[PDB]
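For reference, the structure is listed below as structure tokens.
Heads up, one of the protein chains got dropped from this complex, but the rest are sitting where they should.
Chain naming follows the written order as A and B, and within any one chain the residues start at number 1.
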């Protein structure tokens, strides 16, 4: 079965759900008006997520793992970038 | 091993933990006074969760997956209902 991770923010709310399937992670999004597939699409067998607000601006961190490597992906308003996280050291 | 997902809200806090075991998801609840088994009991091999407050009212979304199908379950004060989420399209 596929594996999911979810986060949400505000009172509308906005929700993001990430799904790992066959080595790829896809993103589904709700901002009050319907579900749509988001811009996040990266490799991974496993996913987790967290998010926080700075005022009205959302910041999202998605942790995508394959083997023993976890890659952090970052949303800070400007598309998906890679983060400084590593699993060790 | 079983697979879990957790959410919490407020300062008491309230906590909900969902566990997928043998194709079924069960719910455990803390509201400050002890752990009890919640009303949520639905099929799934995998579970994730998120929640948010609107004032003092909690809203919970549980994403239950079997195969490639993810079903969203909703708490909005009135028992568990199904949501509009789909994994694609």
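One rule holds in what follows: contacts are C-beta pairs under 8 Å (C-beta built on N, C-alpha and C of every residue); 3 or more make two chains touch, one makes a residue touch a chain.
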item: Option touching the unshown chain, where A:22, A:56 or A:68 are the choices; value: A:68
item: Chain A, residues in touch with the chain not shown (by the definition above); value: 44-54, 59, 61, 63, 65-68, 70, 84-89
item: Positions on chain B where the hidden chain makes contact; value: 1-11, 13, 15, 17, 19, 21, 26, 28, 30, 34-35, 37
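The definition used in the following text is that only the chains that are shown with their structure count from here on.
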item: Chain centre separation (chain A, chain B; CA means) in Å; value: 19
